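*Asks:* This is what each chain is made of:
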Amino acid sequence: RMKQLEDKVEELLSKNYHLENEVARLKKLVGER
Amino acid sequence: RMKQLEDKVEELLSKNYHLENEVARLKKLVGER
Amino acid sequence: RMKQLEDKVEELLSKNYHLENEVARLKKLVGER
Numbered sequence: 643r644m645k646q647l648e649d650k651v652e653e654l655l656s657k658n659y660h661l662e663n664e665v666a667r668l669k670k671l672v673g674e675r
Numbered sequence: 643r644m645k646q647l648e649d650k651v652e653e654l655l656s657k658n659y660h661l662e663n664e665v666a667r668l669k670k671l672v673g674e675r
Numbered sequence: 643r644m645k646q647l648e649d650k651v652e653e654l655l656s657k658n659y660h661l662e663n664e665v666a667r668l669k670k671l672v673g674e675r
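Chains as they are written, first to last, in the working numbering: chain A, 643 to 675; chain B, 643 to 675; chain C, 643 to 675.
Any given hint might turn out to be false.
What the hints assert, rightly or not - Now the stretches of chain A that chain B is said to cover, found in silico as 3 or more residues with beta-carbon under 8 Å:
id, region
1, 644-654
2, 657-671
What the hints assert, rightly or not - Listed next, the in silico BS3-like pairs over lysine-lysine satisfying Cα-Cα at most 27 Å (straight line):
id, chain 1, residue 1, chain 2, residue 2
3, B, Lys669, C, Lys645
4, A, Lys650, A, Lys670
5, A, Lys645, A, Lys657
6, B, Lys645, A, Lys669
7, A, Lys657, C, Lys657
8, A, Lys645, C, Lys669
9, B, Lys657, C, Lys670
10, C, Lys670, B, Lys669
11, A, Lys669, C, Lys669
12, C, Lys645, A, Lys645
13, C, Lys670, B, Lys645
14, B, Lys670, C, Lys650
15, C, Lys645, B, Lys670
16, A, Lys669, B, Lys657
17, C, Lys669, B, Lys645
18, C, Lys657, A, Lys670
19, B, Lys669, A, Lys650
20, C, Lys670, A, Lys650
21, B, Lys645, A, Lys670
22, A, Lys650, B, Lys657
23, C, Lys670, A, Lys645
24, C, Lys645, A, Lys669
25, C, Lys669, B, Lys657
26, B, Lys650, A, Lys657
27, A, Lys670, C, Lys645
28, C, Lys645, C, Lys657
Hints are computed from structural coordinates only; laboratory data are not their basis.
Where a beta carbon is used, it is the ideal one built from N, C-alpha and C, also for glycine.
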């Protein structure tokens with residue numbers, strides 16, 4: 643169960659990094675509107 | 643400890659899912675400009 | 643390993659909260675029409 647949680651935290655970490663880049667991009671696009 | 647971590651990873655997983663749906667929606671509403 | 647996972651999920655939980663506030667703001671700025 644611990645290895646599985648580790649694998650899941652790793653993908654959530656990567657998803658979080660992506661979302662931050664997307665949110666930063668949207669902030670700027672919403673800015674331009 | 644493990645039950646607590648499981649609960650917390652679930653919380654983050656469902657929060658992440660909600661944010662990604664909203665961000666996907668906003669990308670479309672904002673468009674290119 | 644367990645302490646390390648716990649520490650990482652704590653960090654991600656706070657990062658997720660920040661992104662939710664940003665997304666909430668953008669939803670409002672973008673609007674319904």
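*Asks:* Hint by hint, note whether the structure agrees.
*Replies:* These are the hints, each one checked on the structure:
1. As drawn, the region 644-654 of chain A meets chain B at 5 residues by the rule of a beta-carbon pair under 8 Å; at three or more, the given contact holds.
2. A stretch counts as covered by a chain when three or more of its residues have a beta carbon under 8 Å from one of that chain; for the region 657-671 of chain A and chain B the count is 7, and the coverage holds.
3. The suggested pairing of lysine 669 of chain B with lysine 645 of chain C is violated, with an alpha-carbon distance near 37 Å, which exceeds 27 Å.
4. Distance hint between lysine 650 of chain A and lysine 670 of chain A is unfulfilled; the C-alpha atoms sit about 30 Å from each other, more than 27 Å.
5. Taking the CA atoms of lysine 645 of chain A and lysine 657 of chain A, the gap is near 18 Å; set against the 27 Å cutoff, the hint holds.
6. In summary, the hint linking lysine 645 of chain B to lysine 669 of chain A is not supported, as the alpha carbons are separated by about 37 Å, beyond the 27 Å threshold.
7. Taking the CA atoms of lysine 657 of chain A and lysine 657 of chain C, the gap is near 12 Å; set against the 27 Å cutoff, the hint holds.
8. About 37 Å separates the Cα atoms of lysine 645 of chain A and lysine 669 of chain C, which puts this hinted pair outside 27 Å; it is violated.
9. Among the hinted pairs, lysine 657 of chain B with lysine 670 of chain C is consistent with the structure: their alpha-carbon atoms are about 19 Å apart, no more than 27 Å.
10. Distance hint between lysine 670 of chain C and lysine 669 of chain B is fulfilled; the C-alpha atoms sit about 14 Å from each other, no more than 27 Å.
11. Using a Cα cut-off of 27 Å, the hinted pair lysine 669 of chain A and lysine 669 of chain C holds, with the two alpha carbons roughly 11 Å apart.
12. With a CA separation close to 14 Å, the supplied pair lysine 645 of chain C and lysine 645 of chain A stays within the 27 Å bound.
13. Note on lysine 670 of chain C and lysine 645 of chain B: the hinted pairing is violated, with a Cα-Cα distance of about 36 Å set against a maximum of 27 Å.
14. For the hint pairing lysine 670 of chain B with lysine 650 of chain C, the CA-to-CA distance comes to about 31 Å; that exceeds 27 Å, so the pair is violated.
15. Between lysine 645 of chain C and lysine 670 of chain B the CA atoms are separated by roughly 40 Å; this puts the pair beyond 27 Å, and the hint is violated.
16. With a C-alpha separation of about 20 Å, the suggested pairing of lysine 669 of chain A with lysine 657 of chain B holds against the 27 Å cut-off.
17. Simply put, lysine 669 of chain C and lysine 645 of chain B have alpha-carbon atoms about 34 Å apart, too far for the 27 Å limit, and the pair is violated.
18. Taking the CA atoms of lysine 657 of chain C and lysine 670 of chain A, the gap is about 20 Å. The hint holds against a cut of 27 Å.
19. A distance of roughly 26 Å separates the Cα atoms of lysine 669 of chain B and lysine 650 of chain A; the hinted pair therefore holds under the 27 Å criterion.
20. As the CA atoms of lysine 670 of chain C and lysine 650 of chain A are separated by approximately 31 Å, the hinted pair breaks the 27 Å bound.
21. With a CA separation close to 40 Å, the supplied pair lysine 645 of chain B and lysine 670 of chain A exceeds the 27 Å bound.
22. For a cut-off of 27 Å, the pair hint linking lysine 650 of chain A to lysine 657 of chain B stands: about 14 Å separates their Cα positions.
23. For the suggested pair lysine 670 of chain C and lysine 645 of chain A, the alpha carbons sit about 40 Å apart, so the restraint of at most 27 Å is broken.
24. The hinted pair formed by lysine 645 of chain C and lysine 669 of chain A fails the criterion: a straight-line CA distance of about 35 Å is larger than 27 Å.
25. As the CA atoms of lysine 669 of chain C and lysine 657 of chain B are separated by approximately 16 Å, the hinted pair is consistent with the 27 Å bound.
26. Restraint check for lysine 650 of chain B and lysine 657 of chain A: the C-alpha separation of about 16 Å stays at or below 27 Å, so the hint holds.
27. Among the hinted pairs, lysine 670 of chain A with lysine 645 of chain C is inconsistent with the structure: their alpha-carbon atoms are about 37 Å apart, more than 27 Å.
28. For the suggested pair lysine 645 of chain C and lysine 657 of chain C, the alpha carbons sit about 19 Å apart, so the restraint of at most 27 Å is met.
When held up to the earlier numbered hints, the structure conflicts with 3, 4, 6, 8, 13, 14, 15, 17, 20, 21, 23, 24, 27 and fits the remainder.
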